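The complex appears here without one of its protein chains, the remainder shown in place.
Each chain gets a letter, A, B and C, in the order it is written, and its residues are counted from 1.
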Amino acid sequence: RXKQXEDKXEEXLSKXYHXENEXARXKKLXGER
Amino acid sequence: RXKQXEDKXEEXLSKXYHXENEXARXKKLXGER
Amino acid sequence: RXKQXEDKXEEXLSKXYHXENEXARXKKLXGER
Partner (left out) sequence: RXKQXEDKXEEXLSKXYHXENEXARXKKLXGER
């Protein structure tokens, strides 16, 4: 279903947030070199 | 260099933002099914 | 630990494989428009 477009491309947003968050937590730790 | 940890894991942030935006724009286009 | 660099930047590989697969399966479904 072009809805299951929406759900899959939220699950994009959400894992590509969890990208943002791990790759901040990349920055901070590689702050602590 | 653990600065170049920082920059690479920023370039993490910027692209995994651009993940979020394009996979928003995913949700929007695939809301326009 | 710079082992836990290794594991995290494997968990990089495994998810950015699973990127490739799902964004294949993107191409296949969006070839089935």
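One rule holds for everything that comes next: a residue touches a chain if its C-beta (ideal position, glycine included) is under 8 Å from a C-beta of that chain, and two chains touch if they have at least 3 such contacts.
Colleague: For subunit C, which residues touch the unseen chain?
Modeller: 1-6, 8-10, 12-13, 15-17, 19-20, 22-24, 26-27, 29-31, 33
In this text, only the chains that are shown with their structure count from here on.
Colleague: Round to the nearest whole Å and give the separation of the Cα centres of subunit A and subunit B.
Modeller: Here the centre of subunit B sits 7 Å away from the centre of subunit A.
Colleague: Averaging only over C-alpha atoms, locate the centres of subunit B and subunit C and give their separation in whole Å.
Modeller: So the centroids are 14 Å from each other.
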